[PDB]
Amino acid sequence: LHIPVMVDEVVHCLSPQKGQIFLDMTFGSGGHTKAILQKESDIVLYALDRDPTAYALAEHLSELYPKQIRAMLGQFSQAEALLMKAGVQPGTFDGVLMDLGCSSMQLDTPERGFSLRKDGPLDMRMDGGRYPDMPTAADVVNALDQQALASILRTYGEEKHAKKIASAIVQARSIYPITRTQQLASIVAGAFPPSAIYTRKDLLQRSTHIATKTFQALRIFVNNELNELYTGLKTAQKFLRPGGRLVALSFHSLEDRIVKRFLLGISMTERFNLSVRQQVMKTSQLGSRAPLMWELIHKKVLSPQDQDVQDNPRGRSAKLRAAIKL
Amino acid sequence: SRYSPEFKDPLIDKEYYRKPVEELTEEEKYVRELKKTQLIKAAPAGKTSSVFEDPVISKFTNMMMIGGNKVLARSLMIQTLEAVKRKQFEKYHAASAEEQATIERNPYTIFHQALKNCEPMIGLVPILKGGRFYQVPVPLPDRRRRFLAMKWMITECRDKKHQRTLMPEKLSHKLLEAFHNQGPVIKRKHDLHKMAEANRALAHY
Ligand SMILES: Nc1ncnc2c1ncn2[C@@H]1O[C@H](CSCC[C@H](N)C(=O)O)[C@@H](O)[C@H]1O
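Just so you know, the protein sequences line up as chains A and B, in that order.
Every letter in the first sequence is one number past the one before it in our numbering, and letter 210, counting from 1, is 248.
Every letter in the second sequence is one number past the one before it in our numbering, and letter 116, counting from 1, is 428.
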């Protein structure tokens, strides 16, 4: 079982109260959505997900609360149109809970293809066939050139060995099609000496497969999570009430940066991890930020309790960024 | 060029040659004795000594010329000058004796003043800074201001907004608008100036 990550913080943060309408742009399993419909019995809630399996869960769970929860299906970009059909263009949503990442059910079910450990079709697509033409991870690896595929790994996977892990994929695909998760994992391992398979470690300091950065990289290029995250936040702002509390959850750095640089106005094209020294050097050259539209409830990113991390290691990297619209 | 660097451009000016010798300075006397030893390029077909020669209108005609069709370009020019003159003779006969004094009927005076009202004093340059583009204001040389006035006027008349209107009617209408400090081309001048004022703090780049 997967407990909703930081459910206690997200509930306190949004303080759901009677007379307030809320949105959920990532229903998924619905653990967070259900934790929010428990504290306040008079709450109004809206749900959304990219997975039709997740949208069916919400529809089945809608029986528990007939109108307090309203289920919707679609991507972040398509969310505004879907909600615009309802007619809530101003929205006046008190809070938008934009949980991020892959659902526990999505990656616990081997058929969905998200787990390298198990053997499933190399789908790695949050979409559940709602768009049967949407390329899957298998398609991405078999088509793109080394330079193109290396960029996917480098930019989205934070993978130092992008050229080494991409060349192995290019050679492997020629010999046979890459259609299964384990088939890819073995190819990526084959780019390195056999001992490399578990040399790398996580921040938890527990050995991880040497292809855990290629499964994350493709997952984010197949589902365009990063570009869809920028529109998703923007749409929330337009549909978010003034004085309404937004709450995001970033499990990896790339998504965390966008949430940080969006709630603070920082340009998305600035250099990453800028030090104070570099900031001085940057502006010294020019010598020769706009008003913020948010009020961060908690100034610094929250993180899961160390005890809770061991119980749910999947959510160890959950960085909660809360803000109030201005 | 088929002219060697030794070839000098011809000076087509009747007055310059009839000027008496006594009025000449010792510097101007040297220039005249020097040119007698220099090679001179053949006069181009464009410019002559005619009293009706106008270098500004000849330049505007070339900026309107498409594919070397000078006959058509010049036809449009003279049709515009005739259309401007007829519009002013119509405004003149319909006016009172007092207003008639303020009505200009010379199309060359209107053409010149119409362009001078469109010349932008200051312009902007697209500059790159830190992977980001920001425009920078800069003074404009005299050549650039005159060229931009003629390019904005010709561009406006070629705009697709005008539906089935012939060029001599479009250009004549725009020239008379600019002659009165009104029109789209005058707005383009004002917008460029107003933008060059909002980027004054970027003048140090
Ligand atoms: N661009 C996008 N638009 C909509 N839903 C998206 C999305 N990217 C990811 N999702 C979905 O959002 C969820 C995030 S992970 C699951 C979190 C959810 N609160 C839970 O009950 O556990 C997944 O269901 C995922 O498929």
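These aren't lab readings, by the way, just hints derived from the structure by calculation.
Among these hints, one or two may not hold up.
So the derived label-pair ranges between C-beta atoms look like this [to be verified]:
{"hint": "1", "chain 1": "A", "residue 1": "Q127", "chain 2": "B", "residue 2": "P496", "range": "32 to 38 Å"}
{"hint": "2", "chain 1": "B", "residue 1": "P438", "chain 2": "A", "residue 2": "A124", "range": "31 to 37 Å"}
{"hint": "3", "chain 1": "A", "residue 1": "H247", "chain 2": "B", "residue 2": "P438", "range": "45 to 51 Å"}
{"hint": "4", "chain 1": "A", "residue 1": "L364", "chain 2": "B", "residue 2": "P438", "range": "32 to 38 Å"}
{"hint": "5", "chain 1": "B", "residue 1": "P438", "chain 2": "A", "residue 2": "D146", "range": "17 to 23 Å"}
{"hint": "6", "chain 1": "B", "residue 1": "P451", "chain 2": "A", "residue 2": "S291", "range": "44 to 50 Å"}
{"hint": "7", "chain 1": "A", "residue 1": "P128", "chain 2": "B", "residue 2": "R456", "range": "45 to 51 Å"}
{"hint": "8", "chain 1": "A", "residue 1": "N311", "chain 2": "B", "residue 2": "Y517", "range": "25 to 31 Å"}
{"hint": "9", "chain 1": "A", "residue 1": "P128", "chain 2": "B", "residue 2": "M433", "range": "32 to 38 Å"}
{"hint": "10", "chain 1": "B", "residue 1": "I324", "chain 2": "A", "residue 2": "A328", "range": "57 to 63 Å"}
{"hint": "11", "chain 1": "B", "residue 1": "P496", "chain 2": "A", "residue 2": "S291", "range": "47 to 53 Å"}
{"hint": "12", "chain 1": "B", "residue 1": "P438", "chain 2": "A", "residue 2": "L330", "range": "47 to 53 Å"}
{"hint": "13", "chain 1": "A", "residue 1": "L364", "chain 2": "B", "residue 2": "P496", "range": "36 to 42 Å"}
Heads up, the beta-carbon is just placed ideally off N, CA and C, and yes, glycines get one too.
Hints and how they fare:
1. Checking the proposed 32 to 38 Å range against A/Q127 and B/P496 shows it holds: the Cβ atoms sit about 35 Å from each other.
2. For B/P438 and A/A124, the Cβ-Cβ distance of about 43 Å falls outside the hinted range of 31 to 37 Å, so the restraint is violated.
3. Distance hint check for A/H247 and B/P438: the Cβ-Cβ separation is about 49 Å, which falls inside the suggested range of 45 to 51 Å.
4. Checked against the hint of 32 to 38 Å, the pair A/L364 and B/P438 passes, with Cβ atoms roughly 33 Å apart.
5. Range check, B/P438 to A/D146: about 53 Å between beta-carbon atoms, so the 17 to 23 Å window is missed.
6. As the Cβ distance of B/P451 to A/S291 is approximately 47 Å, the hint placing it in 44 to 50 Å holds.
7. Under the hint 45 to 51 Å, the C-beta atoms of A/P128 and B/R456, about 49 Å apart, fit the expected range.
8. The hinted range of 25 to 31 Å is satisfied by A/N311 and B/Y517, whose Cβ atoms lie roughly 27 Å apart.
9. Checking the proposed 32 to 38 Å range against A/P128 and B/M433 shows it is violated: the Cβ atoms sit about 46 Å from each other.
10. Evaluation of the 57 to 63 Å hint for B/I324 and A/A328 yields a pass: the beta carbon distance comes to about 60 Å.
11. Evaluation of the 47 to 53 Å hint for B/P496 and A/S291 yields a pass: the beta carbon distance comes to about 51 Å.
12. About 29 Å separates the C-beta atoms of B/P438 and A/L330, a value inconsistent with the hinted range of 47 to 53 Å.
13. At about 40 Å, the beta-carbon gap between A/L364 and B/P496 stays in the expected band of 36 to 42 Å.
In this structure, the earlier hints numbered 2, 5, 9 and 12 are contradicted, and the remaining ones agree with it.
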